[PDB]
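Only one chain comes next, encoded as structure tokens, the form deposited without the partner chain.
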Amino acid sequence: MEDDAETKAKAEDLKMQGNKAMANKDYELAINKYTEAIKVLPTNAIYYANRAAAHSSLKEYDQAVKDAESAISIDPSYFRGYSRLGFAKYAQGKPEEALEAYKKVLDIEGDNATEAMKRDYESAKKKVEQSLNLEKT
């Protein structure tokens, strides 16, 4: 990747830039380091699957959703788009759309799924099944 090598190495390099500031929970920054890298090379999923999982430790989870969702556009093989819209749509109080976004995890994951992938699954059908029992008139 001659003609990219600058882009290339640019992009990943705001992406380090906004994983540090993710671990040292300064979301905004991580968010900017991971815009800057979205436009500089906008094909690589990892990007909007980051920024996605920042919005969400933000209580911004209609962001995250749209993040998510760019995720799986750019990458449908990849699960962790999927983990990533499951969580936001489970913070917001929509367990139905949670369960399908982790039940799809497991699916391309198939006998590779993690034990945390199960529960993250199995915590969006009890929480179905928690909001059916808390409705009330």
The other form holds:
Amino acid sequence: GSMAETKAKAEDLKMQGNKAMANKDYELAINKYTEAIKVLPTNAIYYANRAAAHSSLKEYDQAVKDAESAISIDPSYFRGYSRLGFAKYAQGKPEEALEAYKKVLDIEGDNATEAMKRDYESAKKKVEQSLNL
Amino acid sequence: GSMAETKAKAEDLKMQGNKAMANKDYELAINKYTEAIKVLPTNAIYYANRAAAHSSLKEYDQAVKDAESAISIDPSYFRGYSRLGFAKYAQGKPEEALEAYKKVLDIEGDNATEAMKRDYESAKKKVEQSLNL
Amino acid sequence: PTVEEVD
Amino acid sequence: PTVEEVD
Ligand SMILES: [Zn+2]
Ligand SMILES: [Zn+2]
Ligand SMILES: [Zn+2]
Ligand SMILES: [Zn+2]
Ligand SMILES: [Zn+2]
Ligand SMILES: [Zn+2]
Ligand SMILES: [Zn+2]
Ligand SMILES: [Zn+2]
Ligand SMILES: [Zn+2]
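Let's see the other form, the form deposited with the partner chain bound, since the form deposited without the partner chain is already up.
Below, the chain from earlier opens the complete complex, with every other chain and molecule after it.
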């Protein structure tokens, strides 16, 4: 049992989770990402990926937990904030969704994709709506 | 004439370049990016986009020059190195392509996409093919 | 809402 | 590699 062998085992489980996501087997994906975390619990990507699978099943509270874990483990991994913002937005918490999406743009700057800006703008519009009435 | 109006003018030219790229009118795209740079010459994105238009015409020496300008103006804008890596790869300079593509992975770290790693692995396979002749 | 692919 | 989409 080496650090390299442990990492390779967890990475293989992550890959099985990614394949499940592509097949829209979100229930299987949650299993594989969970199993990967149990092998290697210090890798933020596995938590962000599980957040995506949870969100795909509309389990936004579970998604938020995993996104916050990703953010805690690696605050520079911006997909953590993307997952948090998507789940907060879906829960009707646009102010926290806006803060998460803005963090993505703060990290990426001029590197930000069009999708990242759109997510930020959608949350921003929703926060504006909540004030007009 | 406000700074935002100048930026909006350059961005509209950039968008005209993006439309030209979508239509595969690469000569027109080069013009629009050039005009954007003349309106606002401090934005590395215009140079990186012009490098893409040059590369599409297989003008790789011109692409390298624009990619290097993008990198000088904005060293953390990783698409400048992606443009440099492509141009060098296409020139048959795969060690220099590998260094460019590796710099993208160093900037992005655990945020790197599968496309970025595919580019890196492609340059690496060409470097290794070369030293195995 | 952008549904982002896993990594 | 490919010329990735501009911007
Ligand atoms: Zn051992
Ligand atoms: Zn199943
Ligand atoms: Zn299992
Ligand atoms: Zn980044
Ligand atoms: Zn920048
Ligand atoms: Zn024309
Ligand atoms: Zn013109
Ligand atoms: Zn020989
Ligand atoms: Zn290629």
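Residue numbers count along the first chain shown, from 1. We call the rigid core the largest set of C-alpha positions that still match within 1.5 Å between the two forms.
- Once both forms are fitted on their core, the CA shift for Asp13 between these two forms remains under 2 Å.
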